Amino acid sequence: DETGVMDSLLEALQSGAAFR
Amino acid sequence: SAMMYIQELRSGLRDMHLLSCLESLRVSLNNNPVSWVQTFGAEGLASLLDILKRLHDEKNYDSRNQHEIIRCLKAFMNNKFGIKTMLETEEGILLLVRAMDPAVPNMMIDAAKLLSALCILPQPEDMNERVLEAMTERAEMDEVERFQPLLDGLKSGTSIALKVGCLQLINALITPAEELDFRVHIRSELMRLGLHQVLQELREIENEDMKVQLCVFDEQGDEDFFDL
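Each protein sequence line maps, in turn, to chains A and B.
Counting in this note's numbering, the first sequence runs from -1 upward without gaps.
Counting in this note's numbering, the second sequence runs from 388 upward without gaps.
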């Protein structure tokens, strides 16, 4: 029910946090 | 409303009317709650994916319409249901990878992003495997090496946003992987394709987002050769 899920993933990619 | 979009998307529309309704749809999906998005559901997704496939498969408003779909896709997938429902599709991952045309760099940027985010998903799986297979699938369709569209986007002439985009997808394909020998194998197939010559150039560039993806690429490259 919460949006901006993609929006969280795009930001972790962009900064580098995702990796990991 | 959710239902009229679908009806309109199944009505045989073309060109600007298609563009305009896709634009409308895009805002709708962006502004509306997750219940409206389920209302639009897999039936809605399937009709977007249907037009996408027709546009992919044919050749004035084509690029724009493909792009606007890719934009509609981002919105649909900006919640759990939409992510699940895309990943339940037979062909949607593939139609994204096919949206990575270096000739249309801003849709490639948008498509590469959504593929990169799938790759780092906590659930499903190795979605990186799923994306690679789709790239494999696309490579023999277009009769190119599978990582070539990505190396074409790192070429010197292209926008920094694209460069960032490609390197970011390289990183999303590799990082999540548990196997060292897979990781180095990918890294190595990319270097065979001319990645080493481009890193020299990329490493000159002034950009913080670019500096970030290069740091990730380099540091994981070091640690893998160290492990091996």
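Derived from the structure by calculation, the hints contain no laboratory data.
Yeah, the Cβ is synthetic: ideal placement off N, Cα and C, and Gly gets one too.
Each hint should be verified, as a subset may be incorrect.
Claimed, not checked - Only some residues are given here: those of chain B computed to face chain A with a beta carbon under 10 Å:
hint: 1; residue: 424
hint: 2; residue: 428
hint: 3; residue: 429
hint: 4; residue: 433
hint: 5; residue: 462
hint: 6; residue: 465
hint: 7; residue: 501
hint: 8; residue: 531
hint: 9; residue: 533
hint: 10; residue: 551
hint: 11; residue: 555
hint: 12; residue: 567
hint: 13; residue: 569
hint: 14; residue: 571
hint: 15; residue: 599
hint: 16; residue: 608
What hint numbers does the structure not satisfy?
-> Failing hints, ascending: 2, 3, 4, 8, 9, 12, 13, 14 and 16.
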